[PDB]
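*Asks:* Listed below are the residues making up each chain.
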Amino acid sequence: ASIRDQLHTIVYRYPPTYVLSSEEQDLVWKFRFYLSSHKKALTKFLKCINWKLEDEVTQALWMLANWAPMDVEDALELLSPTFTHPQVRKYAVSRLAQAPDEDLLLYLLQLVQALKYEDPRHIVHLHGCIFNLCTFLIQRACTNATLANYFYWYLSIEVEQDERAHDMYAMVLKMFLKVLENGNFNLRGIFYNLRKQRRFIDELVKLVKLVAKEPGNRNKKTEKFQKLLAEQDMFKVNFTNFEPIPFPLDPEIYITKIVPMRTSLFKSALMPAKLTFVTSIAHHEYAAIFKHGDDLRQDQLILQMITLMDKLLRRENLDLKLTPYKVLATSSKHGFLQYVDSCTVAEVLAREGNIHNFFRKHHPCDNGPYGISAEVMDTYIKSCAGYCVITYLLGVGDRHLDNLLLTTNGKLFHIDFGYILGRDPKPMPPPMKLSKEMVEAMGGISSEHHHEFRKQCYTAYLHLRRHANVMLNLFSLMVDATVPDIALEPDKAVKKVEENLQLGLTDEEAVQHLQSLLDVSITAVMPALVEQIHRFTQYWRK
Amino acid sequence: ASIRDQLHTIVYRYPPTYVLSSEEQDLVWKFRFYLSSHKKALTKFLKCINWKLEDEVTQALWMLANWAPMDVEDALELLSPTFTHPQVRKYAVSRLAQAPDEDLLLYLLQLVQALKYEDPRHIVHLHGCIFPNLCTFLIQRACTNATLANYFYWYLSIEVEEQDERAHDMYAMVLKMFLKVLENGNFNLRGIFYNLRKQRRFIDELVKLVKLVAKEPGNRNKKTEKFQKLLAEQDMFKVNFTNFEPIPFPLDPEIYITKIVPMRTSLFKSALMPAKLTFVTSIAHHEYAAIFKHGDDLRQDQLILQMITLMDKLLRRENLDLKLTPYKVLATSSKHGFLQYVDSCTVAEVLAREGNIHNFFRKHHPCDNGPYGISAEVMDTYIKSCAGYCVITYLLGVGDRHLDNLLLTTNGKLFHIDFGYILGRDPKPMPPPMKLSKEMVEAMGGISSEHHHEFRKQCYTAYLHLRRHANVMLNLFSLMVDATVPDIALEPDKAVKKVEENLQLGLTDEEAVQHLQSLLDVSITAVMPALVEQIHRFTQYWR
Ligand SMILES: C[n+]1cnc(N)c2nc[nH]c21
Ligand SMILES: C[n+]1cnc(N)c2nc[nH]c21
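Respectively, the protein sequence lines represent chains A and B.
The first sequence maps to residues 1 to 542 in this note's numbering.
The second sequence maps to residues 543 to 1085 in this note's numbering.
This is chain A alone, in the form it adopts within the complex:
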């Protein structure tokens, strides 16, 4: 029938997550033989025939083999725990094989997690062989230098009933380094580079340990810091100059040396340092942060997430001017974070009671809406929208004016991500996090900009909804991940992101929903709208 097609159109588009109708699950089977139509169908297909054990399986592998080629995201689902079978893993891996390197890089983080899934036998035999997914990751790590660095750092962290999963990761990392040694010139070139990175990290850790060990005023500890860096050959490789190393946090950039005098130390109780590095070429300086206190895996997942969303949005050709900095954690309790010149909002307010005066110093225009360049305002509005919607989907907690930073450009971003998926020290939300100052920085509900802001939020939300599947699959693979917040309710953890997505709603409904949350959050923050609500309560009483 022609109508059944609309109901099929329904199933291929709607879920990445359906359990629904393990009775209808075979109606698809009946029309699929002809409607091996397009890519998406196949993932849905595999979910049901597999439940029954045996003769259908052999028929299904043929069916799959002949099926229109799968998109990559299906493959991420195929690598998940749900399907145990090897051929489908093989198929999923051939899809990744088709994927370009940059794509692996984003996905890559989960793929390392994906290794936890079978088969150990595939791992044991490769290991036994020198003394399928794992094999593929290694080969492609060896093809690309940047890829190899990230692969290495992720494995080093996993090795640093989960004891058996550790064991496996250890075997996989060690093989990887061994193939590089046995390597032809370029592999070995990468290998030596990895060894060089590590040595350096270990030296910077040792310096930090010794900086922490002296009790002090913050200034005293910066003074001490500058002296240790300046001081030569007490530390295996001098810090004021060393052989050029490609930054571990960013492979593309090489570093010759740090600069001591430039380094300043952060207000946070456990104190990360800003360091200045020099690029191998043209004496560019790179500024990074080196944090000593906590495991950064959580911050980095969020950052990968943001990156993904921005990418899709830009592929949408909405640039919300998201400013997603790279984060890498070396070990649990050391990491590097990109640094972008920025002022924390609270700082701005101490420096200036208003954000607009703050912009006014940097990009003033006379016919400009407010004494700001029109384009700055637009960029500010967009960055807020993007970030409200992203935090929302991600259910980020603990926002405060120290947490959100502003650039002279107007981009707005969030710095610190200790609380994910709604976890929060405080007892209530708001679900949408906006300072009063930021809404006044928009010029309030009356203003035209604020309306543009709201408008952007909805449309961003609508788009992300469309690419539901990628985010859910990536998360599907963070269950066993060791992010503190996932670990508490891991099973539940995937559902929370999907709840925020509200995929159940038709679009108009979805926009309405987000409008709702916007209204609550804005009214709460503004003092004038709170007073108006009180007059309305007042009205029914008498």
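To be clear, the hints were calculated from the coordinates, so they are not data collected in a lab.
Incorrect hints may have been included.
Quick list of in silico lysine-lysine cross-link-like pairs, DSS-like style, CA-CA up to 30 Å [to be verified]:
#: 1; chain 1: B; residue 1: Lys970; chain 2: B; residue 2: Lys870
#: 2; chain 1: A; residue 1: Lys542; chain 2: B; residue 2: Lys764
#: 3; chain 1: B; residue 1: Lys740; chain 2: A; residue 2: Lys542
#: 4; chain 1: B; residue 1: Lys980; chain 2: A; residue 2: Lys542
#: 5; chain 1: B; residue 1: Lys764; chain 2: B; residue 2: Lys722
#: 6; chain 1: A; residue 1: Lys455; chain 2: A; residue 2: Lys496
#: 7; chain 1: B; residue 1: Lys771; chain 2: B; residue 2: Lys740
#: 8; chain 1: A; residue 1: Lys455; chain 2: B; residue 2: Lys1039
#: 9; chain 1: A; residue 1: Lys426; chain 2: A; residue 2: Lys495
#: 10; chain 1: B; residue 1: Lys811; chain 2: B; residue 2: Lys764
#: 11; chain 1: B; residue 1: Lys581; chain 2: B; residue 2: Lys658
#: 12; chain 1: B; residue 1: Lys722; chain 2: A; residue 2: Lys542
#: 13; chain 1: B; residue 1: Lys768; chain 2: B; residue 2: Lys757
#: 14; chain 1: B; residue 1: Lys855; chain 2: B; residue 2: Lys865
#: 15; chain 1: B; residue 1: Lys870; chain 2: B; residue 2: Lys722
#: 16; chain 1: A; residue 1: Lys221; chain 2: A; residue 2: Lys178
#: 17; chain 1: B; residue 1: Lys658; chain 2: B; residue 2: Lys855
#: 18; chain 1: B; residue 1: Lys1040; chain 2: A; residue 2: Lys455
#: 19; chain 1: B; residue 1: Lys1036; chain 2: B; residue 2: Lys594
#: 20; chain 1: B; residue 1: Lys999; chain 2: A; residue 2: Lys495
#: 21; chain 1: A; residue 1: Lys206; chain 2: A; residue 2: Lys236
#: 22; chain 1: A; residue 1: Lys496; chain 2: B; residue 2: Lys818
#: 23; chain 1: A; residue 1: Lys311; chain 2: A; residue 2: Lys455
#: 24; chain 1: B; residue 1: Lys765; chain 2: A; residue 2: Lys542
#: 25; chain 1: B; residue 1: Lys970; chain 2: B; residue 2: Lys658
#: 26; chain 1: B; residue 1: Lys764; chain 2: A; residue 2: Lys426
#: 27; chain 1: B; residue 1: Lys818; chain 2: B; residue 2: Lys780
#: 28; chain 1: A; residue 1: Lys116; chain 2: A; residue 2: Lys178
#: 29; chain 1: A; residue 1: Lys542; chain 2: B; residue 2: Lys970
#: 30; chain 1: A; residue 1: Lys90; chain 2: A; residue 2: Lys52
#: 31; chain 1: B; residue 1: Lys905; chain 2: A; residue 2: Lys542
#: 32; chain 1: B; residue 1: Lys999; chain 2: A; residue 2: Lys455
#: 33; chain 1: B; residue 1: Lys818; chain 2: A; residue 2: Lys542
#: 34; chain 1: B; residue 1: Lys865; chain 2: B; residue 2: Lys718
#: 35; chain 1: A; residue 1: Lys311; chain 2: A; residue 2: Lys224
Since the structure of chain A is already known, use the hints to place chain B with the ligands on it.
*Replies:* Just chain B with the ligands, lined up with the frame of chain A:
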């Protein structure tokens, strides 16, 4: 061209009211000769022509004669004051003539208002013919049907009683003519005249009695005991109240009276105290009751009721039945009136007599299973009565709503009453733009109910439907510019713009629902105590 049609379809649906048309009328004209596509087009076509060239008028006139015939609702615009010219007005009347009596009756109230616009010399000449076109039309029809005669008579009578000076004389002449046509006419015309005479005499005695009751010192009970005695006292008055010669009730000509039961008569709580009455019906003793108010001008409440009745009619046509109750008012001459009495209990009474609304439905209609041990239909009718009213009071700007002021019925329905404050006039400083007591929201089961969600959904569909049918509502309001309805009279012009603004015709539907959703959200948050606290916590989070 191909798109031009679309700009024009946009012009045709969107407003009936707009002065918007400026260049558009000139481009539209070129197309008028080629396509009188639609009935709607005719109203749009009419707008451009008359002021300028007189010959231009001849061309437009020929155009209209063969033009796709106008819908009755649009015709009303024509009787409206903005269009002076005699030939178009004749056309409006011809369109009304085709209309069936019931639709004709619903509008009847406005026509009397419209009567003001037709030139008096047209009316003076008709008077001239009898004593030693629309006005003729109203009388001709008023005569053909008794119920129409009755309504026409009461509306005119209210108007006749002492700028106003010229309009009073006009109405008086029309009435005198209508009465002379009936006495003169045949049997039915005479029959109508006789029944009208009975109605008139009956009310007057009814009024004498109410006046005696009011003088008497005492609280309500002392006064009701007194009222009970007078009806029962035969022969104090011209009419004997315990029995009479049957009279068509002014509220329903369809039903005669014949009796009143003194014992059944009560009075209400409200400030000037209306009696209930009962009568027998002319047939098999079935009672009727109505109310009867001694203390103000009902005109405003009747317009509002006409408005609610019509809106309900439109929604039923769509097939939304929100179980509205559009009870009947007529005024008599201002300061008496009647109102149909529907059995109901005011919410405040319901809360005191039974702790909460849920308990109240539960006692009358209890089914252990669903949803609240309250039979489902009742819940559904309560949800629907609720949606229909917030939307309708909101469009109409009904204000001064209180618990004393809404009612329930055993059946579930909710409705309003006593529309003294209209069009955003309020005795208080604020809205809320939507009127929901907490008591009512709890009745729904609060924010997450299938039922509360159901109510919001019902409101949205209702809003959109009314949005589509805006043309009729605006035309009727335009017709009561000169209304002598207090709230409208404060600024006559603003009244029409205010109902229109509430309408949100500019917005796209997706936006319109967002706009309505917004108004509902502030209104419910302020009403519920938990939500206010949630907001306080959110304020607390930041600073
Ligand atoms: C400027 N900046 C950028 N990224 C961070 N993670 C950060 N923390 C403090 N300041 C910061
Ligand atoms: C109780 N009651 C019922 N129906 C009415 N129309 C009315 N008006 C005031 N009170 C009322």
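*Asks:* Indicate, hint by hint, whether the structure satisfies it.
*Replies:* Now for the hints, and whether the structure bears them out:
1. B:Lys970 - B:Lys870: holds, 28 Å
2. A:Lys542 - B:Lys764: holds, 29 Å
3. B:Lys740 - A:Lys542: violated, 46 Å
4. B:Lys980 - A:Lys542: holds, 14 Å
5. B:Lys764 - B:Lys722: Outside the cut-off at roughly 45 Å; violated.
6. A:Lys455 - A:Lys496: Judged against 30 Å, a Cα distance of about 25 Å means the pair holds.
7. B:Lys771 - B:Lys740: holds, 23 Å
8. A:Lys455 - B:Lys1039: Given that 30 Å is the threshold and the Cα spacing comes to 28 Å, the pair holds.
9. A:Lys426 - A:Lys495: Judged against 30 Å, a Cα distance of about 22 Å means the pair holds.
10. B:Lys811 - B:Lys764: holds, 14 Å
11. B:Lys581 - B:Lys658: Since the Cα atoms of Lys581 (chain B) and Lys658 (chain B) sit roughly 26 Å apart, the hinted pair holds (cutoff 30 Å).
12. B:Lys722 - A:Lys542: violated, 55 Å
13. B:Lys768 - B:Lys757: Answer holds: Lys768 (chain B) to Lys757 (chain B) is near 11 Å, not above 30 Å.
14. B:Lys855 - B:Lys865: Holds: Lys855 (chain B) and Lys865 (chain B) sit about 11 Å apart, inside 30 Å.
15. B:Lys870 - B:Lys722: holds, 29 Å
16. A:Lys221 - A:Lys178: violated, 41 Å
17. B:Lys658 - B:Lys855: holds, 27 Å
18. B:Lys1040 - A:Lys455: Answer holds: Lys1040 (chain B) to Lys455 (chain A) is near 27 Å, not above 30 Å.
19. B:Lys1036 - B:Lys594: holds, 28 Å
20. B:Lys999 - A:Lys495: Since the Cα atoms of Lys999 (chain B) and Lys495 (chain A) sit roughly 27 Å apart, the hinted pair holds (cutoff 30 Å).
21. A:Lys206 - A:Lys236: holds, 11 Å
22. A:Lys496 - B:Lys818: violated, 60 Å
23. A:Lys311 - A:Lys455: holds, 20 Å
24. B:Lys765 - A:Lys542: holds, 29 Å
25. B:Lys970 - B:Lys658: violated, 35 Å
26. B:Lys764 - A:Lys426: violated, 63 Å
27. B:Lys818 - B:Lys780: holds, 21 Å
28. A:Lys116 - A:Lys178: holds, 21 Å
29. A:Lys542 - B:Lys970: holds, 12 Å
30. A:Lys90 - A:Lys52: holds, 21 Å
31. B:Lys905 - A:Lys542: holds, 28 Å
32. B:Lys999 - A:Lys455: holds, 23 Å
33. B:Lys818 - A:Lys542: Distance of about 28 Å is within 30 Å: holds.
34. B:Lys865 - B:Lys718: Since the Cα atoms of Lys865 (chain B) and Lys718 (chain B) sit roughly 41 Å apart, the hinted pair is violated (cutoff 30 Å).
35. A:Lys311 - A:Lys224: Judged against 30 Å, a Cα distance of about 42 Å means the pair is violated.
When each numbered hint is compared with the structure, violations occur for hints 3, 5, 12, 16, 22, 25, 26, 34, 35.
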